[PDB]
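The chain below stands alone and is given as structure tokens, in the form deposited in one PDB entry.
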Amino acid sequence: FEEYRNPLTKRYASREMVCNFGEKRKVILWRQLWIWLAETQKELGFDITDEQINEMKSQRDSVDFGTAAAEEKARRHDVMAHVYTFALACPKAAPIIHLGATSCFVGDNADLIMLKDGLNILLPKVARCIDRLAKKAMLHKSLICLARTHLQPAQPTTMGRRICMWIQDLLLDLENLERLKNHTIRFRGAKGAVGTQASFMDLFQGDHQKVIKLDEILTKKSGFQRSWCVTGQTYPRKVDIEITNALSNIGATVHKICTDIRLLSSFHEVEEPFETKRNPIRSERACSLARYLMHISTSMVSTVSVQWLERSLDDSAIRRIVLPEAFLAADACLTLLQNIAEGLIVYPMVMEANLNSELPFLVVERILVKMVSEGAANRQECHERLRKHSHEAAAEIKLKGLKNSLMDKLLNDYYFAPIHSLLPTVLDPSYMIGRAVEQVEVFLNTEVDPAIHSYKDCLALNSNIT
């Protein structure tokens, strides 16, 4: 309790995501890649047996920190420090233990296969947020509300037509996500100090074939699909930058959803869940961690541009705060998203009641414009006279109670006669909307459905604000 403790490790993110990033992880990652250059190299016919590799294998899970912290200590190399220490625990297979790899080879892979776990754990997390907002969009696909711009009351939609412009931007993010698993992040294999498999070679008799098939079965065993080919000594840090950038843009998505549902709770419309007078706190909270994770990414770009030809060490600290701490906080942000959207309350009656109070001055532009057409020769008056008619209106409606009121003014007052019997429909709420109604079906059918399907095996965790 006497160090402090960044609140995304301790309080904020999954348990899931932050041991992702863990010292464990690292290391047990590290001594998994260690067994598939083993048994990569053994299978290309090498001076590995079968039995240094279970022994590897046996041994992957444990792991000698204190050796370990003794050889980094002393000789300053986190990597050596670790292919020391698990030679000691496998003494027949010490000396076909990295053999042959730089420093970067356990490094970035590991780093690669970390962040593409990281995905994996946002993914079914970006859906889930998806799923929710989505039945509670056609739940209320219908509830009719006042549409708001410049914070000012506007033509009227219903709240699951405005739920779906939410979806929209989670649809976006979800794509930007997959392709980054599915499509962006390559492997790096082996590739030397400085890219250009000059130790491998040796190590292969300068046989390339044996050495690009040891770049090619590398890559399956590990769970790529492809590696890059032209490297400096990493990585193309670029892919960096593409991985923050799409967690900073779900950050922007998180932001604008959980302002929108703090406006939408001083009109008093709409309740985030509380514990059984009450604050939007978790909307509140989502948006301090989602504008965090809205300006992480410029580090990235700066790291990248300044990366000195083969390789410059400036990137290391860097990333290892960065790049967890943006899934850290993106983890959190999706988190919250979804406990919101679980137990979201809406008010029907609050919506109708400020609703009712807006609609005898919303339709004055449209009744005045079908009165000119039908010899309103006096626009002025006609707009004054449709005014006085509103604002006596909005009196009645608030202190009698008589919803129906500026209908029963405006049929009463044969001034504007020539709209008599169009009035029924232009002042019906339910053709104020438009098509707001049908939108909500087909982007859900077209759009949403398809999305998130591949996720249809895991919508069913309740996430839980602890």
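Residue numbers count along the first chain shown, from 1. Between two forms, the rigid core is the largest collection of C-alphas that superpose within 1.5 Å. First, how it differs from the form deposited in another entry.
Core-based superposition between the two forms leaves all of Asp61, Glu438, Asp428, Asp47 but one with CA shifts under 2 Å; the exception is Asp428. The two forms, fitted on the rigid core, differ between the two forms by 2 Å or more at the CA of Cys382. Annotation: Cα of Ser305 displaced by less than 2 Å between the two forms, core superposition. Relative to the superposed core, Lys26 undergoes a Cα shift smaller than 2 Å between the two forms.
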Second form
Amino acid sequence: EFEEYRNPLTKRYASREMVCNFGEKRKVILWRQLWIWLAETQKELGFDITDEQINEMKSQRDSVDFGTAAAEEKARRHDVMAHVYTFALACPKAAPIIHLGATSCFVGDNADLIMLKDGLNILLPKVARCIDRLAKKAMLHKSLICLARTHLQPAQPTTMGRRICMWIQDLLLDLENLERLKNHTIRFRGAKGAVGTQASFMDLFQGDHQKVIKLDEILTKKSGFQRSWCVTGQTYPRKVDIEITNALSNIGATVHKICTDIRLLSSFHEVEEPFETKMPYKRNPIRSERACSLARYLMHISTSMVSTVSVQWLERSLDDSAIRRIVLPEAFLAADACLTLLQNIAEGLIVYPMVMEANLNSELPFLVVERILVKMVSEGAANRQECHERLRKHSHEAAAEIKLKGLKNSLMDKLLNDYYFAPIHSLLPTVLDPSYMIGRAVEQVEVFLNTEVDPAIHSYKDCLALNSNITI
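Please could you give me the other form, the form deposited in another entry, since above is the form deposited in one PDB entry?
Below: the lone chain, stripped of partners and molecules.
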């Protein structure tokens, strides 16, 4: 168990249920469930399949002899057919009617779509929880004033909750894309035959178009889908796999930016990721870096799907089978692992207001030179061009004292001792109040959380209790 390379997604990062969502046992159970639905539908459509045969497949659907299946696959060189005969050996009564009229893609593609849809159902509450936990921090810190940063340089002040709403906005689009995949984009393949023309099922029903349509119509309903593709080749359109990985890779870009921002702010000592207390105020963003690492892998996992779809030859070419075994589950496992890390970091995100105030104060004298300029022109009868060049000379020499000599910012005292800036000497004691410079930061948080966030996660307000633990 330790001598072989263990993929870290399955063993170290992704959740238990997502790993089991793509296990081989889960897959063959779906294969056997589809053969059951096929026989149930064929029987109720006029075909002679006794319910004694159907209940025999039902009785031993969950007991798969993988020892026989592996031996069958080595001798038949066909994985689906190996499990056809394995299920047939376990079901002697129902053996002649198993997989009747269908091809291996009937169980292959339809069970994939079931696993892919169930994978989204696993991811969706975790995206919603990430939104919920960040939305509570954004509301909690909607007035916590801090320095905004452009080019990683100090910019005009904002609030920490206002910055968090910037992160949530991206998560709102990922949730929207994932819901669209599950509710609209992903359809059922159904029973289309070898090349999508349903010729085999047309033979079985003696050329009755209506029964063949209803067979496909019923199977789509039994498997939990709303509609099926109508003009497939042998498979469902592989462009669907692009849509899935694109949406999942899109989550990776969001998680990577959020956690890079958290890593950046951690170096300014303004925030810190949570951690197991098993030092508390002097450590590294270990979890945010891991999320960035896993998000970057997820970010690029889509590059091999697009080129795979572009070389699907005509009705079907098998050079998509192996790569889909890898990319699709690992894309879900990485997305699951990133959202697990993101919710944990969002839940226990620590902030340090006094450092935010200290960093804000040391840069504020430079950030107010323009509203001081407006004050001199509007209230001091100062010439715009003349007051600007003088403020520049004072700012230029004060900025030199900061970087060249390592001194503290004394720009405000430079203007105080300057006769020219007499009209603003009275406002200088309180000109560095960060509370009147944040514009509508607080109000934007309120409207955004109330109007855009709350309705977007409304249907998940019953799945938001589960906290995200990081044991490793």
